[PDB]
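Peer 1: Kindly generate the complete structure, drawing on both the sequences and the hints.
Number of protein chains: 2
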Amino acid sequence: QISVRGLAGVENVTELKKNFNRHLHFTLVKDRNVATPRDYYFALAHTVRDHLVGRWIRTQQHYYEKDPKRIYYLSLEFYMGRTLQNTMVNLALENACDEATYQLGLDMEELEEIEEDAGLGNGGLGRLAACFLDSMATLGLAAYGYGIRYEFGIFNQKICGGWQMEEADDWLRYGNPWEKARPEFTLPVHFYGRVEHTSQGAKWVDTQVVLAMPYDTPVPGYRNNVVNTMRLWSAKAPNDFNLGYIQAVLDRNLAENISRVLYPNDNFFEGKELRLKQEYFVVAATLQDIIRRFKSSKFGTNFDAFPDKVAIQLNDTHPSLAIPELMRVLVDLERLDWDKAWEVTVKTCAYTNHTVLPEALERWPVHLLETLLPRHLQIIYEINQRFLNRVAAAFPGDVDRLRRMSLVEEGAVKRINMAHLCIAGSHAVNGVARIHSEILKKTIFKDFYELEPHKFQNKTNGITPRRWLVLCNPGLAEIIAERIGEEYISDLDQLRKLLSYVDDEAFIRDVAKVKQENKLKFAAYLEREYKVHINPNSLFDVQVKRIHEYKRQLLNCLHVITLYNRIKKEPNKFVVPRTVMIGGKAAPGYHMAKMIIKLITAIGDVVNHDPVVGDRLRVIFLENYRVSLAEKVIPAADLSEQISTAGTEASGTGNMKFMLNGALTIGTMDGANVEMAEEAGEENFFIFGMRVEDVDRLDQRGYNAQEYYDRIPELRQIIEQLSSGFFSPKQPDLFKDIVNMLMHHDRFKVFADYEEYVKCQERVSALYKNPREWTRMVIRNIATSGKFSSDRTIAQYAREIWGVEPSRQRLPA
Amino acid sequence: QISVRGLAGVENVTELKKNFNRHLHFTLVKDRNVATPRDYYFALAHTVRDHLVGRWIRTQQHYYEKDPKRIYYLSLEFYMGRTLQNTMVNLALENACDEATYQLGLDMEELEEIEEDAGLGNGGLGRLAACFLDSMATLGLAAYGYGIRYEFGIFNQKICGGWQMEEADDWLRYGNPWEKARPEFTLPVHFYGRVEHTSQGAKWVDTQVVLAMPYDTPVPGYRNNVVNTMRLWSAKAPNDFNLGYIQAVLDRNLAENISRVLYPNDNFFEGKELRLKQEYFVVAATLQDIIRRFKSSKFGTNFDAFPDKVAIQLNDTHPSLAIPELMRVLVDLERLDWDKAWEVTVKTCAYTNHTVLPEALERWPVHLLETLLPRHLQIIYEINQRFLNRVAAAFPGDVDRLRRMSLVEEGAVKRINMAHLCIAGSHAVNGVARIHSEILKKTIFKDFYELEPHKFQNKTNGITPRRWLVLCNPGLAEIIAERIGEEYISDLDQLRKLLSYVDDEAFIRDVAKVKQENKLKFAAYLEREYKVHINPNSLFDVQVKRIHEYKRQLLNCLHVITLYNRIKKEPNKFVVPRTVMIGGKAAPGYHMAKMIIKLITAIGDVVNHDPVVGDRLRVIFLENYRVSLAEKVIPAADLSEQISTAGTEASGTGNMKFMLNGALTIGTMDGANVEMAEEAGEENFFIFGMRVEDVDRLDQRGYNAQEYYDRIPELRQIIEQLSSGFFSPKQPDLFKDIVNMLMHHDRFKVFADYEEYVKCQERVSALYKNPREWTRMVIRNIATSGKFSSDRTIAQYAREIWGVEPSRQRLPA
Ligand SMILES: CC1(C)C=C[C@]2(C(=O)O)CC[C@]3(C)C(=CC[C@@H]4[C@@]5(C)C[C@@H](O)[C@H](O)C(C)(C)[C@@H]5CC[C@]43C)[C@@H]2C1
Ligand SMILES: CC1(C)C=C[C@]2(C(=O)O)CC[C@]3(C)C(=CC[C@@H]4[C@@]5(C)C[C@@H](O)[C@H](O)C(C)(C)[C@@H]5CC[C@]43C)[C@@H]2C1
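Those protein sequences? They're chains A and B, same order as listed. Read left to right, the first sequence gives residues 13 to 255, 262 to 318, 325 to 837 (full-length UniProt numbering). Read left to right, the second sequence gives residues 13 to 255, 262 to 318, 325 to 837 (full-length UniProt numbering).
None of the hints are false.
No more than 25 Å apart at the CA atoms, straight line, and that leaves these computed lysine to any residue pairs for SDA-like:
no., chain 1, residue 1, chain 2, residue 2
1, A, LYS29, A, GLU128
2, A, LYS248, B, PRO189
3, A, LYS593, A, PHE750
4, A, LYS316, B, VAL41
5, B, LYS192, A, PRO195
6, A, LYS192, B, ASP62
7, B, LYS192, A, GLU128
8, B, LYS618, B, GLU573
9, B, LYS30, A, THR26
10, B, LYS81, B, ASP328
11, A, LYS192, B, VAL41
12, A, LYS29, B, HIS37
13, A, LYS170, B, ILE264
14, A, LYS290, B, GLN265
15, A, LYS30, B, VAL41
The hints are simulated quantities; they were obtained by calculation from the structure and are not laboratory data.
Peer 2: Laid out in structure tokens, this is it:
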């Protein structure tokens, strides 16, 4: 049908159709008279999965022969989304299967919509991992994704009377065609017990055993025949478990709870024991697998070559226990002396920090570690002690530095700072955008940077152009391909060539037309699936991301109410019509975040039913935001909101998704926004609000919100409406908490940016009135988004941290 | 290789080999360099399963077209054992796959040994169900097996210092290739709640919902292309379950515990709530499925035809709740009047009693039923009341009859007698052997028989000749086939033709040779898998079945000790050498049964290491007795022990397995022993001990064990040895409980049969000295075992209870 989707070549179409029928019959045990669309999905899924395995086997074959350095990406989250289309695309099968399914009387797109999201993550951190795996495969790196196979992913969000309800994401109900259970490689993991000292050294004894069973999922590279592995561990009870009888068998559930459910906190730390167990579980199983693989390799007892053969990347502090666990194995099991083991550990591990928010930082209570992991606690003390000896030696007399740098935090309950552990035990520590990396150096890890400056790097985040362009936006990918060819899909810098088309009249019409189709398509998705009626000619103003105070959905809310109040004030004035879409999940415990969601719908309730407004203003809350909903809403977006207070959003990746897809960005000078504007030029970006410097200036002086309430009558009016019950007529004081927080304890200075934000929003409206100039700015954005490809990011990790060469070369089919 | 295993025909062998390689590669994602025997097993398993599905689909197709009466076999137990060989045999694939696997360099027999037993039963009751399913398929009946898919079957038995240890039977670890999950047909099951009365009638409200997910396993007929279904329900939590958040997700385990584990009691009732839940769970899910299927059928709102289209067979009282549940649906949901519903229910249900032991009878406490199933309790009272009105009317004034017959038992805690429910609500009640059926009529259900004599029948149990001859004993099947052909495999009465070979010299040599090969093979299994050394020229004296007081493993123990004491008394006298093998599992709580096991090994410890004994006497305890171990030990057996006290073993099925396989039987006139001896003639059977009449005579008089201790010096000596610590030198009084029970509270009169048993054992030894005459008696046994085929049994159920015609006709391939 369209060029980028591949060859639909007769002999391949025939082979596909017959394998579809073979799976329908033998695998699913059905026929055409009974098969539901779900059965049809599975037949396709199994048929496509078939094409993977041959390559999967020869890829792992290759790595065995060549024995290259191996990359191990440890993450507690892998937000994969759907796998079918991504697989077809990466294999060049997309038009073949479209033809095959057409000739069978099936609509492939209808089938695609049946697949559950692998929602094994919360937001940015988890999706980054997913993007990374794709880029690592595409660059032919010998890489593995290691995590946990949660039985329940991020909860499904339902809105009831404008309130969020969580329900279990039972994503495995119908089965996962993509995974292969590998029970034969199950590994023991130990908990509790105590430490015994001998002449032979320390011994960890009297432990409970939980078994860790791996599941492998194939990770296909883009058209290169590389298929890497994502290995996810599942928790199983041993067979002599507790072994009156009935109860013994039922209590097996306690061990298996470890891998039951993903913790649903985005950028927030809850010190629960179950969470610590998940963390040790993934770390212990993964390290044995790594060591096992290292010994059984075509090479040469000798752990000196270990850092030459192994890289372990820590995705935030969640797998930080890899560090003391590696020491434990090296020292206690393999009998290496402390100092050699430590050199091996440091040269093996690297750490990626994802946030500077204090409440997101993992600080584990000592007493928890003492009970659960007594040996690791000892190792931690020993690590800490030796480290402080290095600090004392470099900065003699500096006693305050000593306590500031300690891995052990004093106070009512002693804590272990896991970020500090990671810095001390890694050869590389990186931020996820230039500004965030600088903030690490200048503020929260200043002490560590002074000690070991050579350890600190930047790796600006990226996204994958396969999922985030070719897959979710075939129309835009096609029109780009018509002009510049196809090579940009694995080399996105080539989008610069599109600058020489900024004045081309046909291309302008094409860009604007693709946007309009996406908007029509999404407006139709809203109708059929949620019975909501939007005008597709309005500006699509969207903020999608996890609900959080720092992300400032509230700032958006205030602008929305302002537009509403202006319309009501002068009903017959012309205003550029908008559809404001806000979506995202709140963590179950986060009360404030739940209130914000309630507000947004409360606003929608007043605004969407005011006849005076007409179709000039609509406020819609997007239920159950997740990867596969991002794939739909992002292509449809005109305005992207990235309005976090400066200094709080480490990078952001959504921002990049909207850039790649023809939305213009309204944002603060925060995270990767700074680099995005730098790439596109500040004239092609709606930048407003305080810079990092302005925030600090405001903090020393002290932030008084009352001041803004006093001087801005439009703001005073909104605050009065909130308090008086305008948006909650039955519960007049429903929103007292929000007003109270805004006035007296607002850590994120919503008011300080209000004026500059509303004015900047007027500038956006101005540009949208001139369709041609909007689209030319859009072209300037899309054409300079090259830098934000995860291929670039990964190539940087590969060369500057792991020491391996990215290859773009095919493997034989 | 051997004739009965089918055609190994070139084109089929080629097709098999290529499908093996396809599964190894695509399904298992392996290759020849990494594949372990387990992977090889799975490749075979998937390859064989492929041949089933085509037939499975056209079988269910056929039943849809023809719409015959459907048989629903409800059981809480289906003791299936292994499925691979049974599948190959029933499909005529056995030599083809042997050839195919040979040409691939694999030993098929080694592969077969990798398959786990489906140990979803305890003993006789569960294996009967398995035999039945095979016979029902073989006779082309439109039949379904309905039960629970337990995550853990009967525990694996380990012996540690001669004591039984239970460990979890984790039979699903590597997956079950045979089942197909059918999540799309999940059904709601309700618990707790309360009853609300309206004008519209009763309403069951405020219930907890547990979901029931079906798994289908194919049941192939013998060479007839019929493939029936066994549907097993699995327990799943609903998605709004409890829906702080984490705990809500973890508590989903509570709902799913229902299908977690099989209760390990053979012939014993434990009134636990979890057990009641399993019982209602299988009953509720199964009845909705039945009703659903009935409405969606090529026929015609109208439940009058229900008994013409549906038969529900209750396997013991465990699914007895089918009766009030059917009423509930009919009355409360479909709005039929009580009397019509009741007529429909009675004509639909039939009940099979499996034991007369009082402690095996299900009597549920009212308060449990009130909380868990309040509506069913009401229905039960209403059933009871109307029934007692029929009793009062037929026997006016008989007030004691009234209370004796009540479904409701008075006393400290009120109970519901489920056997009484089953009798009242079924059109047919059957015992499982002629004597047991008579006992039902004359004693425990005498009152019910007087009221409705037409309701009581016999259906003597049977076993399947496919598993129990062709599969476990190919050598014996072959030599029979040489003489009389193959038709006997689905018409076992034809074994009578073998009587005209009782004097044939070649056949005698063949029978004795097959026995000798089986004995050599089993002696080799003992060495390699358990390092135990047996003389294969000795008499193989075996008692395998669940450990129980009534089964009288103790009587055997006493004979064993007697033989030992006689040898020791006259060391240089000749004695016919024996290997005594005893095996079977004890229920975890049953303390006595565990002591018996300990004794047997304690005896082995003294006897097996006495140099004076030599290899004349060996006592071996067979660890982990289960279906696949029965398949090995039974063909190897010379003497079969069926020595339960008369009146206690309802039928027995092991007895029949040994008869079919060339063992002679030493037994009491109990259960099916009576019919076996009748078929073979009492001269061809070692019958000893009290008859039923003699037991009753002893009971009125009163059973004084002291009397036998006083008059039999050989018995006194054994009791002194037990007490003095002869078999437990470190723990002199270890066996006080057994001696004490034997002397003062022996319900099973072990001593009363001792004299007659030992003397009869001498007669067996006498015959074994004459190899030729042994084998001729063996031939007389094997040749008259026709009656004990489950095909006969099922044909009797079909014609006399269900009203359907067994067919032997093929369906097209
Ligand atoms: C070290 C062990 C025991 C545990 C972990 C393993 C791993 O690396 O993941 C498990 C998987 C295998 C068996 C493993 C190694 C190589 C094969 C291989 C690539 C071998 C190749 O000959 C074979 O031709 C193929 C089939 C390509 C295999 C694939 C499987 C692996 C990678 C290890 C085995
Ligand atoms: C009543 C329903 C909704 C629930 C229970 C069912 C049952 O009888 O087990 C579920 C299974 C199906 C769909 C069922 C009926 C027929 C098919 C069929 C035999 C139909 C035939 O055309 C089809 O050609 C085949 C494929 C032969 C099917 C097989 C499956 C069944 C038996 C019912 C469906």
